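Shown here is one chain on its own, the form solved without the named molecule, set out as structure tokens.
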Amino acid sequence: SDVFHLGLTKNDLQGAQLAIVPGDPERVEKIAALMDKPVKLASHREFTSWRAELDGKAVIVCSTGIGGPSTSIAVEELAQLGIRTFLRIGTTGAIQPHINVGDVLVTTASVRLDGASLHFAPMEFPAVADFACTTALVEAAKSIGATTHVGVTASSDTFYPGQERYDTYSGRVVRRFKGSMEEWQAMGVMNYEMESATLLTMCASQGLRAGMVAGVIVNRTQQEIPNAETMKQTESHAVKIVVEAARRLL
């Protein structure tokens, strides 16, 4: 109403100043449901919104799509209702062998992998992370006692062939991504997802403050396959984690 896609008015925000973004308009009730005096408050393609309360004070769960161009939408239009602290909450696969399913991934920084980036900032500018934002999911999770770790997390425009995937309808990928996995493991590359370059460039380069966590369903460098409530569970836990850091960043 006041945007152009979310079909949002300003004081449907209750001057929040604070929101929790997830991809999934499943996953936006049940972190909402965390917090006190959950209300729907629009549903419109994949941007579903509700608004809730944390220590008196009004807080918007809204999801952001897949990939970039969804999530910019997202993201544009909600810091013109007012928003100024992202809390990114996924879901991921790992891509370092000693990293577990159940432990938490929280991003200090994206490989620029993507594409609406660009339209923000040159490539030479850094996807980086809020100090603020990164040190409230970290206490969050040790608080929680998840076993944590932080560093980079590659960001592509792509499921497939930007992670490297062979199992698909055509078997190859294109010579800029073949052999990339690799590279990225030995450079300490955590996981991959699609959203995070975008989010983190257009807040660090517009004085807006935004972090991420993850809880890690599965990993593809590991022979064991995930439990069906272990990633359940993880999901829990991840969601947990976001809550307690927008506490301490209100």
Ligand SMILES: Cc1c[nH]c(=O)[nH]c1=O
Second form
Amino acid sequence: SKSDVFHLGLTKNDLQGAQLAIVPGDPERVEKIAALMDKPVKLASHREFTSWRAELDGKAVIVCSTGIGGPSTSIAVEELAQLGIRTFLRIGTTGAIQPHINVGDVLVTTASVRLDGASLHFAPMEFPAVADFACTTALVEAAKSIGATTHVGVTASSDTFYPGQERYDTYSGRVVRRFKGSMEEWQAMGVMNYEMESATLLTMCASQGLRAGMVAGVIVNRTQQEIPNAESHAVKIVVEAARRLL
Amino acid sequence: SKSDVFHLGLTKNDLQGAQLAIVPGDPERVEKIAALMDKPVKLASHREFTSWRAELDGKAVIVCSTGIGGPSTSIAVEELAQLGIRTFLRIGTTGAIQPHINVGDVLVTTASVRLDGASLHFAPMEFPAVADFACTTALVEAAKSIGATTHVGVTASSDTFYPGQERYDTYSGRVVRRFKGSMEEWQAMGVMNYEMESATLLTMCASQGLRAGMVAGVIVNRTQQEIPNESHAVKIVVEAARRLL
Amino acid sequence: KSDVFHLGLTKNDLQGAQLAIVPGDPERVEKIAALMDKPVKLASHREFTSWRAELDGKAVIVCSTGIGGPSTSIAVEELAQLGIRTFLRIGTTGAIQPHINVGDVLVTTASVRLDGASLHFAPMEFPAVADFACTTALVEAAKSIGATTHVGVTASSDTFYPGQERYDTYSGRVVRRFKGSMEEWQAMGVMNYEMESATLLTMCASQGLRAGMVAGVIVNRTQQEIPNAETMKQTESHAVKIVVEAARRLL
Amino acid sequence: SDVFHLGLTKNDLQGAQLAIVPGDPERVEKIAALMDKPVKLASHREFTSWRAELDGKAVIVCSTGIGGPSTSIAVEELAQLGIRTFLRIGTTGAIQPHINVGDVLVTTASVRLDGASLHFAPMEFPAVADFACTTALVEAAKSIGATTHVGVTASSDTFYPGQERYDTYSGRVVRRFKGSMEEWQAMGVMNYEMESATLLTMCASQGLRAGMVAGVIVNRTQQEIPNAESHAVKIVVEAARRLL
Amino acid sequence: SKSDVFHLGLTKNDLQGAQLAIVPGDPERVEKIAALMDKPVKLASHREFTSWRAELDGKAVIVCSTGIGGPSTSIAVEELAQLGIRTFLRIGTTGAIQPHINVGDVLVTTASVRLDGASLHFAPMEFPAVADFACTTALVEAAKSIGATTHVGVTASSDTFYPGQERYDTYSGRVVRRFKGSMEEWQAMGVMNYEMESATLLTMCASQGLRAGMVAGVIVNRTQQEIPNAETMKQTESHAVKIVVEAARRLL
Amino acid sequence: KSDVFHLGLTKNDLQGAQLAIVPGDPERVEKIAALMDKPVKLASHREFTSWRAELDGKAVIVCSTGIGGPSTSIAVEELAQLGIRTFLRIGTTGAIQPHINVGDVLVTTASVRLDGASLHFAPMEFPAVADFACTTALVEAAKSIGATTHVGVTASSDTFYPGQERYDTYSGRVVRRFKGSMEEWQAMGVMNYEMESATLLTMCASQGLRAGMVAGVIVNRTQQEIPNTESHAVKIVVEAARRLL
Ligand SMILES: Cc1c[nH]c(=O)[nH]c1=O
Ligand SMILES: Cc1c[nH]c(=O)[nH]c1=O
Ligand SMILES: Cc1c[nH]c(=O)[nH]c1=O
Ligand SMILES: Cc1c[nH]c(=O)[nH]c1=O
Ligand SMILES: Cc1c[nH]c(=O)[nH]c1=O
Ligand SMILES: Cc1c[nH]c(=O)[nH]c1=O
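Alternate state requested, the form deposited with the named molecule bound (shown: the form solved without the named molecule):
Below is the whole assembly, all chains and molecules, this chain first.
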């Protein structure tokens, strides 16, 4: 049963005809998401790529972690595509950069500011990191049905957690010129949030005939602090959206 | 004679509370679009900017031409915004670059490849030239209501009609390095079409808290020919406007 | 009948014309043509209004470009297809140097490429430079008319507002790229802002076409962000006389 | 747990100032076990961290995950906790015809085909390794007699198009990377990997020392996908000994 | 201080009120240019910067070598500007890229393709590497007066002699992607020629209120060969030198 | 007759030399040559003065580059054509770290590419990195004579003035790109400014040639803009050459 793909350790058989994947960043969240669906089965775990299969309305669905960042995301998406996935719904965590966005709010990304590198490996910068219309629609309509506080708009997608998101509470306390004042700039432009995979995901899918949607739960409000203290709606929405896209 | 803006020749009062504008490229289309709504009145014509007011479900609507290209578009949108317009629906013509997108088809742009310069005057290239979700939804729903062969997706928005759209039917018959082989590249990336205002419109709106939608009627298929030779799309943009008031 | 997609013109319409005067504003076309011999209207489609007239026995086209490089690129390309080899732009402009007064005439040697369309003809490193003969004719024409004239670099912007660092706008913001840009151009001795020359000059200089660029100063940005609507016409009259006189020297 | 991702405290490091940073979390324990007193510290996301002792000194082994972004998190958070020297041990695809599978490649500097490096320094800044770290790696390689090459590495944000792999879903490579492998080959670039540009750039621009070593798992002149290299691991540990 | 500037070894006094400098690349050409004017005298020589002073129309004129390339050019121009030079006329050698621009032809540059780095230290790439109108006019008129097959237009100004000018007869025989096919591109765009200082010179002057002109003698046609023939260089050089001096006369 | 267009040198002039020491200043060429056996003048053309000498029975070239990447690229290329495979630059430099003093010796591992010529050999993403053997030899040579030596990154600029953020100039202006740049490089641990290494290191590293870079500090920029290791750095480069033959 040699793997069809280099990193994921999966064969087409493992998908059982699945064409949709829910793709969290954290491998540890994969089982948790899969458990919200019928007949969840662990498939594989290699590096940051943990994969489970489950069933939604009688149809197989994949849950597969991407790890943090465009590079590992690009591997997961490519290899899932090779295996037969055609629709990707990213479920992530995010830092809000608008003052009235609450922790736990669900942010649906229409398109992303490409503060990444991997997107450029699929399309030049001019190309929009835009989500699929059907996927975005499914997410918004799912959000409506469950009644979660939801915001829809543009997301800044960064290759770093720290300087690219203009965090200063760091070892160096320095932010390179490019990102000095960048958060205020994005804020003024109505950008809702920061995360770290959507630019890559959306660009690589939109430029390769794959459908992608992007949703995230807010874990910190950056107008207040750089790092949240210790302590669902977005996940409920991503699963419900997947239902609509089968 | 009075105008609250430098180019359009319009006062805020002329808008009669309008918060939505339909923005075709061609000044000659303005009257045609206005005619589909109630109480159409000509407001002004200056340079490439012809404006009419009309009424849709008891609400004032502006129709104002942008002229061809990001620069004149940026002026029209900015000045309309100064006057109170918050939702912009572009209705254009377009060249399809996908083999199965036919002349007469209606194309709704989710976001644009920024092959323009004006978008960069509002946001750096990294920023997506993305349409407003509500506007795009309204356009897709309007397309269903009117009836059209409709495609939804990415559009290449060029500062030129010729080399930036890799046309060779030109004086020089050549295309700068940047654009050599570019059409086939966009085609491979699933880009539907070329037009000349959406990157500017979508970027300037998305980065300034304005809502923008983008729809165009296909007048040529570029896999077949370079030189082309809009009622469906106009009905759709008007129907979309009705949903966004 | 049209040989070209946008302009609605045929080679027959040019009557052997090899020079075009290209204002941004369609309304100015008739005005420019009125300074020449037996002007006649040819066509009006979108922002492209065209007239033909004569200057000492030679046919000359006057054709508007509309605002911005994109529509300019269409007009110039299609005129080139029709046989035009020399283009003189006559524009309006905002001066950014303190002692360039309203009504002054500015002749552009080359432009700061703050546009996108120029890039569709040549990479950024290529100069948006005017043709030597055209620039010479404009400078000489300025002396013939007797206008206060400055010759030098022009910033050619794809926007009227943020690219010219105007702040009295809907957003009241200017993107990082253009924050402080006006002061920078000022310090570099850039004379003025307008919106078509970068495209015009680049597309011509990279395609064997001759181009010149002249504009009348309708505002000085070191005293006003807003152009005075009533003083614009007389101010532009000098520059219009100059572009026509320059054309006379290039035939 | 106090650093946001790694879940580590300063105390967990017990004074460690050097970290060995593999890409794969599953390799962390394996590397730690080659040294004295290996102890698991934490595992969160792709970040598995162990402590060990080398010649009496505390050392950290911590995975970066694949790519600059996760690397940048691990390096930053380790630096917050006192790590000043980072030795990446990776896998790599060789692009020079005479560089064989099992060969050890020591990177002097990287071609920045990533995005995260730009979050620390503009492109003009060199993704250069620390001289002492590179020296230790080279001398460690010489000590065990491993077939070793020293030079430039192309560090890519993708495994596929950025390394001009065509055996993919789309079979497409974006214009930027079309013909890129041959160009790097002609420029004497030894190999592709996916973290060094970020690692080297972020360290070189922040007063941190970084070294980069990788074991060759495929030669790209032969095939795109590696057949499903303890020399490289031996070398990184021995190099670490010289850097304490 | 026996020098008011760091590299050139000159004081303001040495200029004797000169406001115009002729700036060849080759230190060896400095005396040759000076010798065509009145009261020529050596000033200084440090590194690639050899300076002479002469007189035209009773006005002092500097001749100062720049060395090859934008970097050394930027030093010479800056330090001369500090000393009071406001007008710079470069006289250079050049490779023609157009088929009908021939060895021995004289080329006057209106503006340059910025294939250099130093220009970017004065203005962003969007800014035109454009010559001064009065200077260009004087060079064109000068070329017409003394006799010369003259072309006026755009020049590609490269930081390298080899790959940036798409020369393949080199150690590596390779040309980086950016410059592969570049000569044909410039040719199609009507670019006349390659040289190595004008982008820096023109940009730094046009963006700092200084006047610059650029003239060069064609020593090779690149549609024919990569390396210039030695036989035709001396005559081409002296010919362009006569033109630059005549231009200077018109600008004083 | 010369085998190369600028240097005025033949392969025979080199007498089998495979290493060249490349100072910027033609006037320092003989001074470096005089530290080795049998120094003899080869040629002087433009900024390119070349001598040959002998080190441990092996021929060595000393050849000036002139200031800047452009002239450097000519000298390196033409020397490479004549058989040189190892290039050791010895220069002067302005220190930008407060902990570095005038007379200190700086060995460059890699350079910030603030030049243009490097781009003619490799795109910006490519590292302007020194050869490991050359760097090692320079470091070891430095340690052998006990000179105060720092090893690390160097900012290599196409200008002496604005690119090194000098304001004591005709214009007193520094273009936006370089505004605040010295502080930026300082914070990033960059040791110094000079004007040839980015070109040298990039062109060599991308063409299978070995390059090393060493410089003597003639000013510290935290103290002054304009300068007021002559022997130390020269002794080091010659001793390093010895180890690389
Ligand atoms: C808070 C936060 C979570 N996740 C991210 O990717 N970025 C952030 O800033
Ligand atoms: C046919 C066509 C119409 N409009 C455009 O903007 N581009 C095109 O190609
Ligand atoms: C005043 C003015 C006129 N025309 C322009 O293009 N820009 C300006 O600022
Ligand atoms: C084979 C291989 C392993 N790891 C990488 O990062 N790239 C490669 O090509
Ligand atoms: C022939 C020639 C002379 N001078 C240059 O700068 N480049 C060339 O190609
Ligand atoms: C002082 C100094 C020497 N050499 C340089 O190249 N730059 C400098 O600033």
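Residue numbers count along the first chain shown, from 1. Definition used throughout: the rigid core is the maximal C-alpha set that superposes within 1.5 Å between two forms.
Residue 222 shows a C-alpha shift of 2 Å or greater between the two forms [criterion: core-superposed Cα displacement of 2 Å].
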